[PDB]
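Given as structure tokens, the chain that follows is alone and in the form solved without the named molecule.
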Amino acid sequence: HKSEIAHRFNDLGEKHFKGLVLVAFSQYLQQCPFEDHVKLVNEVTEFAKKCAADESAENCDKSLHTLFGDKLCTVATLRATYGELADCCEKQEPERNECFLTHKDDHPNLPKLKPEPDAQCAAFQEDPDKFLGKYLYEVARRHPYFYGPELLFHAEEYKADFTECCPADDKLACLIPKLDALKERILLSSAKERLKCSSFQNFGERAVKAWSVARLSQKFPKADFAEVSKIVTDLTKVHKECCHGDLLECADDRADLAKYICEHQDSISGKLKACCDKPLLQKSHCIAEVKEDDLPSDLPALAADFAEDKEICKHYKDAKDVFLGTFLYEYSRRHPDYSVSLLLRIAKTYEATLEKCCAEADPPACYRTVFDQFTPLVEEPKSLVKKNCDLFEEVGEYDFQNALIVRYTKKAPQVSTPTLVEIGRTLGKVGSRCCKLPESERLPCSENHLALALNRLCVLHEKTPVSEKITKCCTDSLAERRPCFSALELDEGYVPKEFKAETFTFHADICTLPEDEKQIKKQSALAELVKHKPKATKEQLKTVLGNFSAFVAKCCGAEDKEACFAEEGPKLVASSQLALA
């Protein structure tokens, strides 16, 4: 064709086109006001309509990156507000776009979105388009790698939540539990896409492919290797584009893939029926979240092709990519009770066993026991999960989170306290989510979600690097990342942080906060306790923190709260140092 922007506008439709352009620009330029981004969207949209009418018109030929990039580079106060991005604007494509992506900010530290039911219902009623658009903008700048089409889907949930609750009597009671739930899905979804983009960035397209082979094989065990390979190839390109900033392209290709999967759902999975009986946005989303299908009764025995066959070395040499891909496909569809990363470690061990064995005198005898090399790899994460769920079920989320904050602060005491607490708390929510599930679903859930949390830590560490041990675990191997982190002990070369009384001094500020914000304050103190006394046991730390909790409960119950904190605080601060030796 002649004009890409015209083609995108026509296939996607104006609503979704404007939505995706608003998202795209909000992510690149995280600090600009909403009303001003709206004007850039409208200008770009006007251009697209003009081109759609005459594709031969001047500039309609230009690439989407060129058109979007030229637009962002016209923004008022560019050099003052976005000093780093103005530099990018001196460059031509595709350099300019690479430069833009370097400077996306994964921790922009904007205000937390606290919902104001009455004021929001008021702004929703007068102008839904403006209100719904504002939601896209606020989430996108807060999550600069968020999946464009996914955010449009979640914008529709947000709209439905307000459509249900704003006519009702009690607005705040209808709405808050729904918004709190939507927010949990925003956090999860955001972390999932970021891991995909992080994998492209730090490990390449092969790693993303392999991850997707394993996962889609688990979900769609009925599908044959050609079908899984096809979907993976397509899905990889979708996410590559969404991660490279090609949001229109990302959306068009996502829709095509959804159509393909739904045309071939008898061949792919019996669970897709519900998903495929829906409009576009909802269809793609249901497929991405779809439950794993039942194991086929005709799954083939694998020992003959992958352990007993005497020409495996020739198969490995003559067709490395396809023989290994077939193995991962076959083993993954067979194991929905394994984590994706476990499956990837198992494939890596398979490859290594063949490398070793095929260079020796008698290869068949050597690789005969290849499947028995997987056994210890399965045991380690199963033990880790049984152990952590036992602890969670005994002590509950708060104490489990604390235990993890201690565990991780010891691994990396150079990391900032807000980061350690964020990560420890996220790691702790894995228990709440995964330990309740059917027992065969715990390992996949647990490890898959730990991967998301560890990627967050790694992403933060790229920006703010403090620890060579974290660097190594985050960059050496995507499959080995969780076991790498687990194997880290107390960093012995860390110099204990100097004591500062104010760090451990509480005040009546704390009493008025909601529960989770009080917890974060206490959990920050705990982190700092570990930094001061890194060799102190988790049992010593739990006791000391308990004594701080008791102190806070008492003085928040006091008639004179300030005097209580002032009399009692310093004694507790002094005594705490002696309890952590």
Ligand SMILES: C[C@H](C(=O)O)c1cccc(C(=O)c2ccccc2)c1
Given for the second form:
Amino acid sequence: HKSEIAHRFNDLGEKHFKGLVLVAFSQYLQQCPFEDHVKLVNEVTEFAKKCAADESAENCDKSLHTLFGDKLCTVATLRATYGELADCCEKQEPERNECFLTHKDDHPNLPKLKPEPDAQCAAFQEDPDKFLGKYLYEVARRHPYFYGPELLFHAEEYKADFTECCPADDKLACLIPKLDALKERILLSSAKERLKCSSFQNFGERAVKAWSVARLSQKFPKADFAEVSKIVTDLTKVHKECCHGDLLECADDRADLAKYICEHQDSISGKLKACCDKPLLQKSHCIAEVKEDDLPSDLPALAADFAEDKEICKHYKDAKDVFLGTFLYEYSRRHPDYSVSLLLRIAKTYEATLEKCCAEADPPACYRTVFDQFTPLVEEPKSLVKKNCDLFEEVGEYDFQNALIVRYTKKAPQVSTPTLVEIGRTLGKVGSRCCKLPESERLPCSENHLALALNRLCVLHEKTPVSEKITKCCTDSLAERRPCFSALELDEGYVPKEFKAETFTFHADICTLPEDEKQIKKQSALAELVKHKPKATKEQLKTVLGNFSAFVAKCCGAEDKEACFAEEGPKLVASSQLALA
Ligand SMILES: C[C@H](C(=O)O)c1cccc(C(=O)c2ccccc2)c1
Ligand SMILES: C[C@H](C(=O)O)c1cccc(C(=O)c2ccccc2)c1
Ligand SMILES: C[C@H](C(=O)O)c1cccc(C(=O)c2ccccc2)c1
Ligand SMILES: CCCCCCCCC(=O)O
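Taking the form solved without the named molecule as the starting point, write out the structure of the form solved in complex with the named molecule.
Now the complete complex, all chains and molecules, led by this one.
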């Protein structure tokens, strides 16, 4: 391949090429308007077309990193708007691309995307290509680590909605509950992918491989070790490329893997039939979200190879990577009822037991009971899910969220109120999605979603560290994160936050808000109560938050709303300090 840009343009096609180039530049240049990005994509596409025609032509032989970085570094007002990226532009490759990746702005703090059914249908009918382009741009610049090919698929779902609802007489009623649905899927898809890039960033490639082996083995328990290894190998390279901004290489390798899985469908899973008779982007997405295959009847007993065999210490010392790899593969297949992080905890415990037993006088008598060391690792998560799902089913999403906000504020009262509310709210919505499932599917649903919310929190903590306890849980071990976070207790060294009257002061503006923005104001007050009175019992806090809810409802239903807030507000504040003693 003489011209790498021609190669990728030839393989991907103009439509997807333009999309992936837009995403690539949007994820870095988050402040630059859409119009300006379009002009940048047009110039890049023109260069690809020229190179596709004559591969010996000017600068066509240069690397994709060279061409990308050179182009990024020609953008108007770079030093002023993107001072960090501007410093990278001094450097040669591969140092320059490495600098770009380091200084990629994680949370840009742009306004929330509000659907405009009338204006967006108009823009869509006017020019749909540009309308889809704008969607890629808006999502890419808000989620800088979003997988290029996956975002193209979400753009198709976005398109499908707007083709279906714009013809309809009523638009708002048609689009909002679909665009609300699409926004959740974007948040989850973005979160899953941020965990993969975070895992690479924080724990390296060996951790991503072990996670993938565990997950694919659960999804494809029919597949043999050599098949899982092949998929994990190819998928890791895909994940590495997409996470490191190599969208063109990534889109191509992802398409190839999807083509391989579907060609070898019969020996991988019987659930891939639906996925494999679909178009390109829909196929890849379907495989990624595919239901776990039925357990094979012929899954082998593991006690013989991993507990009873007299030469395991020999197998461990000599054939280590294969032996531990085979264990993780085999143990994962037979436990779709376990979370990925639980399976990696069990693997780490298997290894640790072999280290100990194989250093001592009679190893076989020692490691014979290795499987029984897993029992505690399975019960701790199973109990917390049973316990939290009982609470959720009793009190509902709102009070469950409030329960979690109190729990975490007490664990980490140094963390900002918005973050505490966001995390407690998110893990509340986990209760809503997961607790209503069959009891066996709860733990994986819960602890896998917990991994997404904890990764979120750990990314915010990189931006603004507040707690050494949090830094340790976030950086020490991927497998041990949730346990480490669960282990945290109320820091007895913490100084109760100085009481600001203004903090618990409410006005009539609260009454016009939708129900969830109302909740957030009160949930923000709950966090502030725990911050001022952290030794207050969970029951004391439930009482006071009740008084705040009663007060808001009373004054929002008043003749003079502002006179009610102004009169009753200070009284509620004063009595609450005494109630939380
Ligand atoms: C509007 C402009 C164009 O089309 O010149 C443009 C610039 C960049 C990306 C894209 C796209 O993603 C896209 C989406 C659907 C069809 C074709 C392109 C489109
Ligand atoms: C690095 C990244 C990728 O490898 O996916 C990427 C994204 C978009 C475009 C290009 C280019 O090769 C390019 C070509 C000409 C001008 C500007 C960029 C490269
Ligand atoms: C209802 C139940 C109880 O009190 O035994 C319970 C269990 C767990 C946590 C909490 C809370 O902290 C809480 C605080 C305010 C509102 C809602 C829940 C309450
Ligand atoms: C700083 C926020 C702490 C969040 C801990 C979440 C762990 C899950 C739990 O045990 O509830």
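Residue numbers count along the first chain shown, from 1. Between two forms, the rigid core is the largest collection of C-alphas that superpose within 1.5 Å.
task = Quote the shift of the Cα of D105 between the two forms to one decimal place in Å, the two forms being superposed on the rigid core.
result = Displacement of the C-alpha, rigid core superposed: 2.3 Å.
task = Could you tell me how many Å the Cα atom of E84 shifts between the two forms when the rigid core is held superposed?
result = After core superposition, the C-alpha of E84 moves 1.2 Å between the two forms.
message = I need the CA movement of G19 between the two forms once the rigid core is aligned, reported in Å.
response = Reported C-alpha shift between the two forms: 0.4 Å at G19.
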